[PDB]
Structure formats: structure tokens, C-alpha cells
Amino acid sequence: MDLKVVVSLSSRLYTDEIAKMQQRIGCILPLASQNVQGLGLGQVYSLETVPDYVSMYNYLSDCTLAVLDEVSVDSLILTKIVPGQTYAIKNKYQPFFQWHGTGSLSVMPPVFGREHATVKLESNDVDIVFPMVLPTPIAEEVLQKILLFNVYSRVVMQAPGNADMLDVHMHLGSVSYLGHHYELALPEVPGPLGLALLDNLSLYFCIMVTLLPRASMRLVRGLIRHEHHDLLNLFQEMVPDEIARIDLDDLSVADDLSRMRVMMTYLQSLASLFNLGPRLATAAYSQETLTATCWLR
Amino acid sequence: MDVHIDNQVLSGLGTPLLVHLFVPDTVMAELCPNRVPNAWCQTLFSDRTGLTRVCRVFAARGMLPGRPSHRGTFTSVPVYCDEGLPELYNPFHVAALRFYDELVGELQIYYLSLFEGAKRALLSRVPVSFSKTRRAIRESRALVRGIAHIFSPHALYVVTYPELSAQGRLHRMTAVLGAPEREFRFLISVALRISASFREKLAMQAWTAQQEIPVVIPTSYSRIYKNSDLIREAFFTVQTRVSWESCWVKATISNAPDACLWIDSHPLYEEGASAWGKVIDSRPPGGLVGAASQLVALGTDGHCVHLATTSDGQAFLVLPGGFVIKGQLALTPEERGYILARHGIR
Amino acid sequence: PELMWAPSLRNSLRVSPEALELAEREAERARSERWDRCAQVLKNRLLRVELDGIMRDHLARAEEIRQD
Amino acid sequence: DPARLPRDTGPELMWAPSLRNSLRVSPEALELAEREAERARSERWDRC
Amino acid sequence: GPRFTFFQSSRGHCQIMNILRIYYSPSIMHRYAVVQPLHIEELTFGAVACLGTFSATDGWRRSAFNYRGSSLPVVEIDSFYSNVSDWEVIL
Numbered sequence: 001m002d003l004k005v006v007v008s009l010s011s012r013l014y015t016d017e018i019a020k021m022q023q024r025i026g027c028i029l030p031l032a033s038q039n040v041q042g043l044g045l046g047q048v049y050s051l052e053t054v055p056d057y058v059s060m061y062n063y064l065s066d067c068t069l070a071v072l073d074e075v076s077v078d079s080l081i082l083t084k085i086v087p088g089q090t091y092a093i094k095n096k097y098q099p100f101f102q103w104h105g106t107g108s109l110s111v112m113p114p115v116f117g118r119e120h121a122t123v124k125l126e127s128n129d130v131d132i133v134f135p136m137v138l139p140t141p142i143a144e145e146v147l148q149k150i151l152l153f154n155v156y157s158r159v160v161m162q163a164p165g166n167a168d169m170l171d172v173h174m175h176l177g178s179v180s181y182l183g184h185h186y187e188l189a190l191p192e193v194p195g196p197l198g199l200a201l202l203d204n205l206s207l208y209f210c211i212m213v214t215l216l217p218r219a220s221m222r223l224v225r226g227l228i229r230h231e232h233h234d235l236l237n238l239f240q241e242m243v244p245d246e247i248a249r250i251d252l253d254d255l256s257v258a259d260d261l262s263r264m265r266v267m268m269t270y271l272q273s274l275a276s277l278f279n280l281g282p283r284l285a286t287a288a289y290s291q292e293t294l295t296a297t298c299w300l301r
Numbered sequence: 001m002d003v004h005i006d007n008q009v010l011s012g013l014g015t016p017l018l019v020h021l022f023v024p025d026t027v028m029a030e031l032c033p034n035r036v037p038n042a043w044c045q046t047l048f049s050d051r052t053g054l055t056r057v058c059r060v061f062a063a064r065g066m067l068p069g070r071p072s073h074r075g076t077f078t079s080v081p082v083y084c085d086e087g088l089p090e091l092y093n094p095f096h097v098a099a100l101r102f103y104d105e108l109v110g111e112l113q114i115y116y117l118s119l120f121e122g123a124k125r126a127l264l265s266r267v268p269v270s271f272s273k274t275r276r277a278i279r280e281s282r283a284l285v286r287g288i289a290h291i292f293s294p295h296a297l298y299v300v301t302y303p304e305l306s307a308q309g310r311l312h313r314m315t316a317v332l333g334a335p336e337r338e339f340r341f342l343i344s345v346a347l348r349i350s351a352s353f354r355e356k357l358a359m360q361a362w363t364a365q366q367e368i369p370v371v372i373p374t375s376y377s378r379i380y381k382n383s384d385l386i387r388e389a390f391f392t393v394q395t396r397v398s399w400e401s402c403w404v405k406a407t408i409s410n411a412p416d417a418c419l420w421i422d423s424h425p426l427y428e429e430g431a432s433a434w435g436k437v438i439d440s441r442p443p444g445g446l447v448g449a450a451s452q453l454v455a456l457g458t459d460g461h462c463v464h465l466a467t468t469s470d471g472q473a474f475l476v477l478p479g480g481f482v483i484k485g486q487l488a489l490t491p492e493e494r495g496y497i498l499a500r501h502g503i504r
Numbered sequence: 020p021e022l023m024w025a026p027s028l029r030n031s032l033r034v035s036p037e038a039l040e041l042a043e044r045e046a047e048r049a050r051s052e053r054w055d056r057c058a059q060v061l062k063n064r065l066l067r068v069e070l071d072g073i074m075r076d077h078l079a080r081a082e083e084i085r086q087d
Numbered sequence: 010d011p012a013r014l015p016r017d018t019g020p021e022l023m024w025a026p027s028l029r030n031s032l033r034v035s036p037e038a039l040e041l042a043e044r045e046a047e048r049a050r051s052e053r054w055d056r057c
Numbered sequence: 274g275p276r277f278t279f280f281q282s283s284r285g286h287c288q289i290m291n292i293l294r295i296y297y298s299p300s301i302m303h304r305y306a307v308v309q310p311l312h313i314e315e316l317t318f319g320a321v322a323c324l325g326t327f328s329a330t331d332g333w334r335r336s337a338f339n340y341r342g343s344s345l346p347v348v349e350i351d352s353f354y355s356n357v358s359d360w361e362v363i364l
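These protein sequence lines map, in sequence, to chains 6, C, K, G and e. Throughout the first sequence, residue numbering follows the authors' numbering, covering 1 to 33, 38 to 301 in sequence. Throughout the second sequence, residue numbering follows the authors' numbering, covering 1 to 38, 42 to 105, 108 to 127, 264 to 317, 332 to 412, 416 to 504 in sequence. In terms of the authors' numbering, the third sequence is numbered consecutively and its last residue is 87. In terms of the authors' numbering, the fourth sequence is numbered consecutively and its last residue is 57. In terms of the authors' numbering, the fifth sequence is numbered consecutively and its last residue is 364.
By construction, these hints were calculated from the structure, which means they are not laboratory data. Don't take each hint at face value.
Dumping the calculated EDC-like pairs for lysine to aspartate or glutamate here, alpha-carbon to alpha-carbon at most 16 Å [stated by the list, open to error]:
(1) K4 (chain 6) to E17 (chain 6)
(2) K124 (chain C) to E37 (chain K)
(3) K149 (chain 6) to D131 (chain 6)
(4) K124 (chain C) to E40 (chain K)
(5) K381 (chain C) to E43 (chain G)
(6) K381 (chain C) to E47 (chain G)
(7) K381 (chain C) to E21 (chain G)
(8) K381 (chain C) to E37 (chain K)
From the structure, some residues in chain 6 lie toward chain C, with a derived Cβ separation under 7 Å [claimed, not checked]:
(9) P164
(10) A167
(11) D171
(12) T214
(13) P217
Just a sample of chain K residues kept apart from chain C, beta carbon distances all over 12 Å, derived [what the hints assert, rightly or not]:
(14) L39
(15) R53
(16) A58
(17) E82
(18) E83
(19) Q86
(20) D87
Backbone N, C-alpha and C fix where the C-beta goes; we use that ideal spot for every residue, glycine too.
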């Protein structure tokens with residue numbers, strides 16, 4: 001088995017950028033199959053396009069990732085990602101994330117700003133931006149946040165008396181972490197592929213809203229009329245009118261089984277939609293030297 | 001025939017009754033050129052002015068009528084106005100629509118022009270969308286009729302067909332002035348108080364130009380413009396026939412979104431309906447030098463008189479020739495709330 | 020040649036204390052004329068669309084004639 | 010107290026004469042537009 | 274806000290005051306238009322001083338100047354001969 005895939009440049013890499021490519025050693029880069041362009045994320049995320057973070061998500065998920073370990077002039081060595089090998093990955097990204105959780109790892113587009121993952125290359129007509137590496141809970145939280153932002157910023161733009169544009173950019177806003185809050189990069193238009201993702205998500209939503217187990221309605225009504233739980237704080241002691249008007253019928257068990265059957269199958273389908281982008285299973289991330297043995301799941 | 005079954009099931013919260021429409025492609029060409037929009044319902048009253056709640060309307064363009072007599076877009080007008088029993092109609096009654104894709110252009114429509122045309126026309266289960274079931278079987282030519290539109294003297298096509306008891310109680314409805336009157340005289344009232352502010356600012360000052368914006372001007376400016384030639388400042392008040400495209404109210408609605419400016423432009427003496435309510439930026443890294451370049455290009459427009467409104471409560475007038483006359487903006491917050499409710503949400 | 024006044028903020032307009040008072044009165048006499056024309060042509064369109072109501076009601080009353 | 014000068018071109022500091030700091034006025038076209046619009050106003054005088 | 278500019282020339286001081294007046298001709302009426310000279314001391318539009326001479330042929334080769342982050346363009350007057358004078362007012 002081979003992992004060593006060498007990529008030549010085409011012109012003399014200047015000595016001002018060999019220092020920062022020495023600084024970016026052990027990071028991850030997306031492949032194309038060699039050539040120089042597309043070996044990175046500049047070809048689908050440029051300055052011209054509004055960053056949708058979904059077409060570049062399509063490119064990074066659809067293509068096998070690659071580790072960049074050695075940079076020389078006119079030649080730099082890459083290493084592919086093939087399942088069954090436990091790659092050594094160093095967390096070398098300026099929005100810092102300690103892997104104290106030691107969970108599964110995730111790759112994402114550079115949603116933390118263009119500057120943090122870019123590198124200029126004045127040798128050839130190619131520029132390289134880098135994919136972001138970040139743990140599973142932050143990645144899925146930022147994923148649902150960027151989808152909720154690109155679906156609600158547009159409807160806030162649809163408001164004629166849009167008195168509060170800055171409401172969602174400071175409430176949604178930053179990312180949830182105990183160490184700090186790290187502000188991200190926000191598009192204004194969702195792009196085509198983002199609305200395709202929200203289209204399939206809303207399709208799953210309207211299919212699953214046709215079947216609700218009616219016993220659970222009674223449980224949340226009873227718990228609202230019990231003590232207000234800390235998990236129940238989002239209701240602030242209120243029964244919504246909709247759950248009051250879909251409980252006109254009684255409690256059954258015959259429809260409940262097939263309801264739950266189609267709910268299991270459609271939640272597994274939704275999980276297959278949201279397990280998108282390539283994933284890493286981690287064994288024993290070493291803390292003192294910032295390296296992690298990980299294999300492709 | 002999609003947007004009617006779209007908005008029919010949608011607006012059941014804030015509207016009892018829903019009327020469906022066509023809009024030709026010639027009647028809104030003077031509203032927004034180049035097909036830039038692709042809505043919001045707020046029907047104000049004739050003598051019961053006040054303020055009312057807003058309702059969203061959905062629509063589509065580029066999809067053709069079954070009538071080949073004209074080929075245009077799709078809209079629809081909600082009706083929710085009549086208190087309690089809906090059998091009464093309010094006569095001489097505007098219903099405003101805000102057709103948009105990103108709030109440019111307005112649509113003023115009457116209840117007479119709507120309803121006179123309407124009368125002139127006439264192991265569990267999934268539940269079906271009930272109201273779409275009767276539109277496919279109609280498919281006829283008599284459902285659509287031609288209505289002389291009152292705001293713009295053109296044809297506006299309605300669609301209605303004998304659906305059910307909501308549209309069945311519509312065609313029996315009749316009942317026993333000032334809905335286009337109030338907004339125009341309200342514009343002339345705020346224009347007269349702003350022109351009075353300019354009058355008293357020119358009075359308390361020496362009646363002199365401070366020339367806030369720098370331009371070079373020729374020595375024959377007192378010749379090619381005659382002495383005290385403020386005939387454009389004279390007939391400024393008749394020329395402002397529009398207001399919510401005009402920048403004057405645009406600063407008041409911009410209070411909800416500090417160093418911003420909106421500019422109206424009226425020509426030197428009747429070159430045409432020039433423009434209303436353009437934008438001077440300070441936010442992006444084009445910067446204050448780009449604002450200054452756009453501002454001096456505004457000031458060197460030798461055949462257009464510009465009116466400048468600020469967000470913080472100040473008004474400015476720009477004479478062509480770089481002369482600026484300061485002024486106040488301070489209006490009673492009742493009209494402010496009336497304006498921001500007329501556009502949108504407080 | 021041709022001489023241009025230099026841009027400074029002490030350059031004066033040709034002073035106008037008296038030409039603005041008659042100005043807005045002429046403006047109001049013109050705009051009442053325009054608004055009355057617009058309301059006149061508006062009521063012309065309104066009587067035009069109101070008359071077809073009574074024509075439709077006449078042809079609705081004519082049903083009782085058709086069996087008599 | 011103003012000053013008089015022939016020409017210059019293309020500044021960066023604002024209060025300096027230029028070719029872009031000149032208002033672009035055509036006298037004959039403005040007199041023509043002014044006269045024809047006075048006649049439109051004079052027709053508007055006698056309407057209602 | 275006042276500015277410090279530098280000047281390379283191969284002329285006499287008699288020429289340097291006239292050509293500097295013609296060079297500063299926009300800025301003088303810029304300051305005149307924005308700020309009227311209310312007192313009698315604002316009329317001084319700065320001054321000049323000979324910092325010295327150098328070689329007129331090999332003069333002012335460009336170079337770069339790095340701090341730890343950034344790089345401004347910078348000229349390099351090479352093999353300079355320093356000679357300070359007093360201030361002669363531009364007007």
C-alpha cells in the first residue's frame with residue numbers, strides 16, 4: 001500500500017511563503033485526484053462568490069482529504085486519506101479547540117474567516133485556503149447555526165419593517181464554547197446548494213409532521229401542569245395553541261407503533277443527511293504535543 | 001394558478017376572506033423597471052385611518068395566463084377589514100400591497118375596482270388540501286374579466302370562480332370619501348413645515364450660502380441663473396407627488412437601522431420624474447472619501463436640485479451650485495409611528 | 020478668458036429675502052389645481068366603473084322579464 | 010470673499026479647484042427647458 | 274493635521290522655494306477655504322530646511338522595511354552628506 005503522493009508545483013515558490021507553509025505543516029487539504041489548481045479550496049470558494057459553505061462542503065465531502073506534511077520549493081509532498089490507516093493530525097488552526105473531549109473529529113469549510121485559513125502563492129496563478137478541523141459537537145452546532153442563519157436572515161430581509169437586523173447576528177451570532185465565544189463568517193445570500201439542503205430538510209420535516217405520537221402531547225401537557233422543569237424553561241409556563249388543538253382526539257396505541265416505525269426510519273434518514281462530510285474516529289489524542297492518531301470512519 | 005392556492009391556505013390567521021388576482025406586465029412597468037421585483044398586505048382606511056395589522060401575500064411572475072389577450076404575472080389581494088359581519092363594504096377604499104423580492110414599488114388598489122369586477126365575473266391517514274380540488278375543474282374563460290384600473294388607467298385582470306361559502310357570500314355583498336386624499340395632504344403638510352423650517356433658517360441667518368459642499372462655479376452664475384431664481388425651490392412642493400419613494404420619510408424609517419444619508423433629486427425646472435431616495439454610504443470600506451466623491455458629484459449636478467435628510471433629525475437642501483440651506487426635521491412622533499406602521503413593523 | 024469663483028465656504032448666494040414668500044403660495048395654487056385634476060379624472064374612472072355595476076344589475080333584473 | 014481662477018485637474022484634498030469640481034451647466038438648454046415648462050405651467054393655470 | 278513631507282531636488286534654494294510654492298498651490302487655498310485666517314499668525318504655511326546633499330546619479334534606490342508583521346515601501350538615499358540649515362518659510 002502507498003500513501004506518498006507527490007505534487008509538483010509549476011514555478012518557483014517564493015521564500016516569503018515557504019516560512020508560513022513551514023508553519024502550516026500537518027494540516028489538512030482537499031485533493032483533486038498532478039496539477040496545482042484545486043489542490044485546496046480556492047477554486048470553489050473564491051472572493052467573487054458569496055461563501056455558501058455548502059458547495060465547498062460538497063467538494064470536501066465528495067473528495068478524499070489529504071495531509072500536507074512537507075513543503076519544498078517546486079515540489080511538495082501530500083498523503084491521501086484511505087480507510088484503515090490511523091493518520092497523525094496536528095491541530096494547527098488559529099481558532100483554537102482543545103480536544104479534551106477526545107471525541108470524533110470533523111472537517112468543515114473555513115467558516116471562521118477567510119484570513120485564518122488562506123495562504124497567498126505568487127508563484128503560480130493559484131491561491132490556497134484551508135479546510136477547518138474541529139470537534140464533532142462544535143461542528144454540528146455550527147452546521148445547524150449556519151443553516152438556521154441562512155434560512156432566517158433571508159426572511160428577516162423579507163420583512164418590510166425590518167427594525168432588527170442585528171438581532172440574529174448577536175443572538176445566533178458567535179459559537180457556543182466554554183473556553184470562549186468565537187465569532188464566525190456569515191453569508192447574506194444562502195446560494196443555490198444551501199437552499200437545496202434546506203429543501204430536502206423541509207421535505208423531511210413536512211413528511212414527519214404528518215405523524216405525531218399523541219401520547220407524548222399528553223406528557224408535555226402534564227409536565228407543564230407539573231413543576232416547570234429546567235428543560236421546560238423554553239415554554240416559560242405556557243401551552244401553545246397548536247398542541248392544544250391537536251389533542252382534540254384521545255390516546256391510542258395502534259397507530260402509535262407504525263407512527264414510531266416511520267419515525268425511526270425517517271430519523272435514521274435525517275441522520276444520514278446530517279452525517280455529511282468525512283469523519284474521523286480518534287484514539288488517544290495526546291495533549292502535551294497537540295497530535296492525534298485518527299482513522300477514517 | 002399556483003399562488004392563489006398558496007395564499008388561500010396561508011392567510012387564514014389574519015384574514016377571513018381572500019381574493020385572487022392577475023397583474024399585467026404593462027401596469028407595473030412604471031412601478032419598477034427591468035423586472036426587478038418578484042408581498043405584504045396593509046389595507047388602510049378611508050375615514051377610519053388609524054393603523055392596522057399586516058398580512059403576507061405570496062406570488063409568482065413569468066407564468067402565463069390562460070387568457071392569451073395579455074400575458075402577465077400572478078398576485079392576490081386579501082380582504083380582512085370589515086368588522087364582525089363582513090357583509091358591509093367600505094366604499095372608496097384603498098388596499099395597499101408591497102410587491103417585492105428584496108420593498109421597492111407599492112400597489113394601491115380599490116375595493117370598488119376589486120368587488121365590482123368580482124360581481125362582474127360571477264394505520265392513520267393524510268388529509269388532502271381541500272381548496273385546490275375545485276380550481277382544476279373550473280378551467281373556464283368567464284372566470285377572468287377586464288377591470289378598468291383606477292390608479293393607473295389600464296386593465297387589471299381578476300380571477301374568481303364559484304368556490305364555496307366564503308366566495309359565495311362575496312357576490313351578494315353591498316353597502317351604503333377620502334382614502335386617496337389623506338396621504339397626499341399629509342405629504343404637503345410635512346413639506347410645508349419643512350419649507351417653513353427652511354424659511355425661518357434663511358431668516359434667522361443672513362440670507363446667505365454657507366456652501367457646505369465644495370464646487371467651482373463660473374462668474375456668470377448670477378446670469379445663467381437669474382437674480383433670486385428660486386422658482387425651483389418655489390415649485391418644489393408640487394413636484395413631490397411621491398413620498399414613500401422620496402427620501403424624506405426614508406430617514407425616519409432608517410432610524411431603526416448613525417452616519418447615513420438619503421438623497422432626493424428633482425431637476426432644475428421640469429426635466430422629468432428624476433429619482434427619489436438614493437443612498438449615500440458610510441459603512442463599507444469605500445469610506446468617507448467615497449461618500450465625499452458621491453457628494454461632490456451630487457453637488458456638481460448643475461441641472462438637479464437635491465434635498466438631503468439625516469437620521470438624527472436634520473434636513474438639508476442642496477442648491478445646484480453647491481449652496482446649502484440648513485433645516486430642522488422635528489415632527490410629531492404620531493406621524494412618525496404612522497409612517498413606520500404604514501411601511502412595516504414598529 | 021473665462022473666470023470661475025473659487026470654492027470657499029464664505030462664498031455667498033445672491034441674497035433672496037423676498038422671493039420665497041410668494042413662491043410657496045404659487046406652489047399651493049398650482050398643486051391644488053393638479054390635485055383637483057387628479058381627483059376629477061379619478062372620479063371619472065370611478066363613475067365609469069360604478070356605472071357597469073348598474074348595467075350588470077339591470078341585466079340581473081332582466082331575468083324576470085325573460086319569462087314574462 | 011471669493012477668488013477667481015481659470016482651471017486645474019484631479020485633486021485629493023477637497024477644497025481645491027478641478028475639472029470634476031465644476032457644475033456642468035448648459036445655458037441654452039436650461040433656458041429652453043425653463044421657457045417650455047413656463048408654458049406648461051401657464052396652461053396648468055387655466056385648467057380647473 | 275500638519276504633514277511632514279520630504280523632497281529630492283537638483284536645484285538651488287531660490288528655485289526650491291518657488292517650485293515648492295507651485296507644488297503646494299492646492300493646499301494653500303484648501304486651508305484658506307476651510308479655515309479663514311482670523312488672527313495674524315495662521316498665515317505661515319510651513320517652512321523648509323536643507324537636510325544636506327548626496328549623489329545626484331545613484332540617488333534614492335528603493336528598498337523594503339520589515340517589522341515583524343508588515344512592510345512599508347521606503348526609499349534609501351545612499352551615501353548621504355548631512356548639513357542642516359534653518360527654516361525658510363514657504364508662504
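Structure versus earlier hints - violations, ascending order: Numbers 1, 2, 3, 4, 7, 11, 13, 14, 15 and 16, in rising order.
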